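In the form deposited in one PDB entry, a lone chain appears below as structure tokens.
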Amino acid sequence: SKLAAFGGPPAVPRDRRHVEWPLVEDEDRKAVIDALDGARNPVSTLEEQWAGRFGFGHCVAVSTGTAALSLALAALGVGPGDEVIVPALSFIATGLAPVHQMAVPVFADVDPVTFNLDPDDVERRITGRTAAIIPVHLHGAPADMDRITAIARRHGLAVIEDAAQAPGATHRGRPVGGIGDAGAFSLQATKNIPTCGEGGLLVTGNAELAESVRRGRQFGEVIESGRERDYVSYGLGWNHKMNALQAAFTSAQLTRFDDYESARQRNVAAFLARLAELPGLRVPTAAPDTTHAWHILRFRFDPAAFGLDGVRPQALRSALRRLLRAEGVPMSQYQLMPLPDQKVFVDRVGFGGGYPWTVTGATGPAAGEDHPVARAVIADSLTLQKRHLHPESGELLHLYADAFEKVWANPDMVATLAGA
């Protein structure tokens, strides 16, 4: 039982490591070919099925999760001179969506355990220009929506949920996406309910918001089955149309969602139960009165547990990454820096001439504090992506737990590697 990093046998054999995601069945292939030969509407069918399944008043299918967010901002009257508060830790799309609607993104620090935007820090970053908050259900964990909605009601702000990483997740038993003014979902191939490529869904209880998004996704036009296209546009629109084939594929995926979801919940629970026993390993958790979608598993590692009183947390992160990967556990980072460090948000050039920042006069150094929690989380955390999403990954996650337990049984070697 020598470490694989030093010639030992890997806890995960090479021929056991591959996982297919999306999980393509013959029903998926048939759905795509049927959509191709049907020559049409799978998009409105997906809209109805998603709204029905998750109890939303309205669902508008769009090209991408990013387009869902930007069309949501447009529909809620967010634009030039407006600030949108988003988390300092997220996928870059959350920070770009405001820029796409010519609004200025304002970065709030996150919670050290939930990894979601800290409502206390949101309050500290509100100005007279604040128009909206994009809470992200990051990694599949629902954000503090009671606090976010309370802040929004106080200051008259719009709330758009970025639920891209949290399909099926609940907050006080409510489907995520239906709590804010609108909710954004991504059907990107890597996501928990994927399409065969790109896709987005905007959900809302507000008929007028839905209609705005419906027009915005198709050049501002009104498009109806049986009615000849007149090319009359009623406002600023884009090409944010979903592909029918991708819609048909996701409809097929939805018929297995409940079974896939049960397997993930059971498999992830068993995996984290074993890792939670390892000292200096913090398994990801759902906050109280929420359920986690487990899109990404982020683990925080404490140098204290390996007697590394002096060692930078990044050194332990590096050491654990090398050792776990050698055993065949594909441990990754998800985001190397807080979004505020990204060149686009530092240079503040945007479209050109500093727009949208030029409108608010936020062209010079960023207002408010640094984001030490976002930085601390990145400094000491590794992630598992994709492999745990597959319903038959039970045995694979058992071997992952073997690898973790094996690495933790060599604490002297971890401390040595962290030393260099």
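Note that the rigid core is defined as the largest set of C-alphas that superpose within 1.5 Å between two forms. Shifts are known only where both forms have a C-alpha. Positions refer to the first chain, counted from 1. What changes on going to the form deposited in another entry:
- Checking 208, 347, 259, 230 for C-alpha shifts of 2 Å or more between the two forms, after the rigid core is superposed, gives a single hit: 230.
- Residue displacement note: residue 367 has its CA displaced by at least 2 Å between the two forms (rigid core superposed).
- 224-231, 363-369 make up the set of runs between the two forms where every Cα shifts by 2 Å or more, each run at least three residues long, with the core as reference frame.
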Second form
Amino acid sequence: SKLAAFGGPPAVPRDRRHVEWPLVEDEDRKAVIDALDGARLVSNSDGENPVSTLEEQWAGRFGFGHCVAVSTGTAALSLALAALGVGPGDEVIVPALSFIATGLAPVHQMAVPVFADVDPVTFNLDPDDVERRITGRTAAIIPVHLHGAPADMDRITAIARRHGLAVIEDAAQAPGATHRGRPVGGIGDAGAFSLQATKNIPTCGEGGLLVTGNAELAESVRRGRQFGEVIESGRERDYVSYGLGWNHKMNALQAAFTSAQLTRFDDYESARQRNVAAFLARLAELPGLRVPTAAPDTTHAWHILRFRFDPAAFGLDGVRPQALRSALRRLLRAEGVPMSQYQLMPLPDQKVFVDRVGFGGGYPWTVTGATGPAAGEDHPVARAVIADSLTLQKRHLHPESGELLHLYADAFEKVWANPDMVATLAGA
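Structure of the form deposited in another entry (previous: the form deposited in one PDB entry):
No partners, no molecules, just the chain.
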């Protein structure tokens, strides 16, 4: 059939396009209602409560020694850094391609983020570029399991242990993913998860989880999330603040909702993994289309699908890849495929990291007089990946999205059947 962009029928009819996420069932509604009526609405509520219940269930499902429920994935990262003694005068190596929270977490704990370039295929921090950027000030590495792909934990943990650095996994985008059969989050000193409403195991709003095998680390995060106070069910409180703490408490209602979601997680995983595999198998046949992949000895959570497009496949060798990216985005959106970008620039190009003002007076950079790259200066692979890639977000997460992803594949095949029109749009 003809391209929608030139008057043909869209591959994805409008009545098929909408996807509900989070997927709210009666079990979720009842969990929320029971949390309201339970009269234990806060983390610090004495006795059994939905927050401690989620901590136990998450730890149990993923085999973690300790789980500390917190306000956000960002708070999980910053509290992990605080617990591991990272702070003023320390550097933390993070990927140049991530959600900004990965770069901000070090700043939040008054440490300096140092950006390492990513791998052109995995989109994860390249251990080859991590080694280059270690200094006398480096205290920690935050590998991100970006888009749901576990990072090269062999080489990241090897680098950290060779240099005496801490490892905090940013596993926000990769719940249930494994590296050498180990649940992500449990491989580093600590692991951070986001339960934000867009995530693979969402809450009805905001939420975070910190996991660790280290009891002392867990206890530090437990104090840190509640103004530095010890709060233990049954134990007598002393209302002492033992050190720097915040209000990073998770909501009981959100905890109860995620507990309900977690009971169905692997049923949804089964559907997602089948649906995405079938979708990527069709796109993998299209020349100049690189489907995302799990690295060796890993599984992919498929939180975000990022595709790279080769101009050479459309005879556009020499033309800015961004021209092809824009042409494909326009044609696929006309078919009803909600192709997006995820990050328009590497994190080091963000004003917060370029300006190095931070809290004011250049802190945390001012502690050591540490500098960073100017905008556009470094991280060519992160730039190359952004230049030629489009993403699919949300729609593939729903267990009933099988037929929708086949309609998306119909759209991709239609566009690829009209390479002359792709080339024309790209060249205009």
